[PDB]
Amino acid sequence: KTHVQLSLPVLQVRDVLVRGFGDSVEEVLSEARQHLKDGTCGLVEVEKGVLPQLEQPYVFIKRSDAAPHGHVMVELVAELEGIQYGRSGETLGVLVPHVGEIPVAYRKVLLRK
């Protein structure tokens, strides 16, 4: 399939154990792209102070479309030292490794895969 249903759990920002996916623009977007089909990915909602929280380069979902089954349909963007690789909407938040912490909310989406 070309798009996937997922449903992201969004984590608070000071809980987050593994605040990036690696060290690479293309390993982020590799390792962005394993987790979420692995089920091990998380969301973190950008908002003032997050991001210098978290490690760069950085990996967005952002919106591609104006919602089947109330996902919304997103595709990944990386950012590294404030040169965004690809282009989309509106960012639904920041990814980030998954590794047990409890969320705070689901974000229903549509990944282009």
Given for the second form:
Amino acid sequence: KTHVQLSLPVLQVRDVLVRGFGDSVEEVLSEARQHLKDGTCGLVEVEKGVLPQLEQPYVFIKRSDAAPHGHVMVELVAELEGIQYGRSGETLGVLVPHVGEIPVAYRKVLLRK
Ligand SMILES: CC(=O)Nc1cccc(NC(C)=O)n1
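Switch from the form deposited without N,N'-(pyridine-2,6-diyl)diacetamide (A1CS5), shown above, to the form deposited with N,N'-(pyridine-2,6-diyl)diacetamide (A1CS5) bound and output its structure.
Up next: the whole complex, starting with the chain shown before.
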């Protein structure tokens, strides 16, 4: 399928044990995709003070459409030193590895894969 229904665990930034996916734009987008497929991807909601606590490059999920079965359509956009790789809508949050942190909520998304 070109799109996949996912429920992402929403994590508090201070709980997150692995604060990014790797060391290059290409690696973080690769790792983010693999973790989304394997069900090992969490979401951190972006507010004042959140991003400086996480590791660059960042991977955002961004709203791609203005929501089948409650799942907001999103795509991946990476960021490194203020340059973004991709073009999309509003940030739903930043993706990180999920290694067993307890979530506060779930974000239903439909991912263009
Ligand atoms: C079934 C499933 O979850 N598939 C999935 C999810 C996220 C990513 C991908 N594959 C790619 C290439 O992004 N496949």
